[PDB]
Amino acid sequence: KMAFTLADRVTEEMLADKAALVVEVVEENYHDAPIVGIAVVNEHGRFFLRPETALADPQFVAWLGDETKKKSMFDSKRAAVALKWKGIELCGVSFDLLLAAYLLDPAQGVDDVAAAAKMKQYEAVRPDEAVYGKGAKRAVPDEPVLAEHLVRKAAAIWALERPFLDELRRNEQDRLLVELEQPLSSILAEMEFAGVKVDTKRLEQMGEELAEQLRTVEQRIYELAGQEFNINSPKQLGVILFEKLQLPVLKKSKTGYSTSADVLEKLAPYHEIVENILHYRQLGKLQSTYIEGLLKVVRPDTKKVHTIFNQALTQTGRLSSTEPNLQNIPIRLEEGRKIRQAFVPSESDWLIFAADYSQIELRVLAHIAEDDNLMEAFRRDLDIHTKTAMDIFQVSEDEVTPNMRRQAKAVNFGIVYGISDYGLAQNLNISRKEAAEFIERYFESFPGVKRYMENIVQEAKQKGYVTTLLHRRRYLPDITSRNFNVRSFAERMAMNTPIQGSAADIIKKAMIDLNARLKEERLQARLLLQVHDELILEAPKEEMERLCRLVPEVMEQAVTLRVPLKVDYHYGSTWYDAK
């Protein structure tokens, strides 16, 4: 039962210039959420402070905001954002244990202090789920249980900083933490806090239209089936399709019949019900996920959505986005793409600006494999899919048909994602031997990429892990498995991770550089979103001409590869128009 002072007021010894700090936000979504307690551990002892007290105290608030007072935390973004909503600035965070753990091994799934501490045989702190409970039983406990927990977390952070930093340094990941991921965390905090404005009237009118179209298609489905049923029930739908209407059963699921879109597409020539079910699903997905889903998370006071970017989740170093997810808003089909009309600038006479890398993953691959043919292709800024068709089919530019380009494109994705005989076959709807011939001809045209693929697999086996341009790592223990499927998946991860991961490194660095350029130029332009290889901003209309030159340049110069990077850009009144 760890010693600490349950403090009634803030004292000078709580404001040392080095400390572990816990600002606890228990709600999963930390936007405008309560801070339930504070703990500080420093050279003078261990302290718990009630937030009503600490956050009203001018000395404490100035300490929080002083860059020269260094704090070590876990998930400093959560605290920073929660504090921003209360008008308080958090500065001087020099060590974030969540990001440190994530870099050391993303596969551990570290999401609390206890899981991080377990990596170094430190168990004198409880998992958050043990203290707060799970699901419906989730609750803040009484003060003495709460206080002890926060203090134990702080004490763990204080104890673990040094060994985590030592291991990062041995991995050559110390600059990755200190110069990339930690400064990025501040930039993401500002993006989440600013949020993105939504035209909720426009979404509601879309929702009304969709509701009418759904009622129509739905009636049509019941007419064509000859009865009413729950179209979203796999049991009822599978009975209608595969028993009542006798459609061929092309694929089963562990429980019943598959009605995935790929199966339905193949069944459409047999019965008119099938196109209507597909249409119903496109509409229903829009309605349910995007319209209703966005509307439920829009803040009614500002009409903004404030995503949370999970910076310590993906196995490759990408971000993810949640509540809402703003990295999967429809774009591919026009009907869906119109959802983007509802994402608007947050001030009048401002516009949305979007800049995206062109083929970043293939250009990274060109660089890392040093394939002469691929590098020349990007040096000429060729259409990479047409060029790959020309090579694999041994034809001139004029003889590449649309279908040939389409298939070369699939091969390029396949090569990036780890090249499987069977996997390319499923994808192109072709045979296994056929897919192998495409891959062999690819590797004959790009022998540098073949060498890379062989070499990276051997390197993952030898070292136990693969690395990215900026020294992110991924351990791949399944690469020595004697099970074919398990081993092959590890091999694909070995081939793909340095590509997807290095692309993630580059865009993160560009975000950092951009943020610094925007400040130097004193532009009001603000970063709103990152969607893997693109950045989305809003700015005054009067800044567009300048952003057209600045943004692509910063993004293109973020790193120097053996091939150029290229960035395209667009702007307009809504996110839809920025493209």
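Positions refer to the first chain, counted from 1. Only residues modelled in both forms are compared. Throughout, rigid core stands for the largest set of C-alpha atoms superposing within 1.5 Å between the two forms. What changes on going to the form deposited in another entry:
- After superposition on the rigid core, the single residue among 420, 320, 94, 358 whose C-alpha moves by 2 Å or more between these two forms is 420.
- At a threshold of 2 Å in C-alpha displacement, with the core superposed and only residues shared by both forms counted, 415-423 is the one segment of at least 3 consecutive residues that shifts between these two forms.
For comparison with the form deposited in one PDB entry, produce the structure of the form deposited in another entry.
Just this one chain is shown here; partners and other molecules are left out.
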């Protein structure tokens, strides 16, 4: 039972210039959430503070906001955002153990102090799930149990900083932490806190129209089935399709009949019900997920959504986005794309500005593989899919048909995401054998890419991991598996992670560079969102001309590759219009 002072006032010895700090927010969504307790561990001791005391104390608040008073934390964004909602600035966080653990091995799934500490044989700290419980039973425990937990977390941070930093340095990842992921965390905190304004009235009227179209289609489906059933139950729908209407079973799921859209598209010729089911699902997804789902997470006092970017989750160095996920808002189909008309600037006379990299992943591949053909294509700023078609099919540009371009694009999608010949076969509705032929023809036209793929798979086997341009790492222990599919996937990930992960590295560095430039230029523009290869901002209408020049340049110059980077941009009165 670890020693500490349960303090009832802040003292000067709590305000040392180096500390482990815990500012505990237990709610999963930390926006405008309570802080339940505070712990400080430093050279003078271990301290627990009640937040109503600490956060009302001017000296404690000044210390929190003093850049020269250095703090080590776990998940500093969570604390920084919760403090922002209370009007308190957190500065001086020089070490974030969450981000340190994530960089060392994203596959460990570190999401609490205990999990990080276990990586270095430190077990004098309980998992948060053990203290707070889970789901319905989740609760803040009584003060003695809470205070000991927060102090043990602070103690672990204090003890673990040096070994984590030492391993990062050995991995050549120390700058990645201190110069890239930590500064980014502050930028993400500001994006999240600013939020995105939503035109809820427009969403509600869309919901009304959708509801009417769903009722029409649903009724059509029942008259075509000759009975009512739950269309959203793949079990009940499978009985109607495959038993009652006797449609061919072209594919199964672990549990029953497949009703995936690609299966359904093949069955459309047999019965009118099928097109109606596909339309019902399209409309229902928009209704349940992007109208109703979105409305439920808009804050009613300000009509904004405040996402949380998980910076320490994905295996490739991408962010993820939650509550709402603003990285999967519809765009491909025009009916869904209209959802974007609901995402508006937060101030009158402001506009939405969106800038995206053109083919960043294939450009990164050109650079890392040093493929002469691919590097020449991007040096000419060619349409990469048309050029890929010319090469794999050996035809001139004016002989490339739409279908040839489509198939070439699919081969390029495959390379960008590292999918298998089976995956490409499925995407193109062709045999595995034919997909393998496509892939072989690609390697004849891009032999540098082939050499890269061979060379990286050997490197992953030898080292045990692969790396990205800015030294992000992904371990691939399955590369030696005696199971063909398992090993093949690891080999694809060896090839793919440096492409996907380097693209994540670049856009992160661009975000950092852009925030610095916006401040230097005294612009009011602010970053709202990142969507993997694109950045969305809002700014006064009077700043658009400057941003047209500034934002693409900053993004294009974030790194210097053997090929140029190219950024496209658009702006308008809503996110829909920034196209």
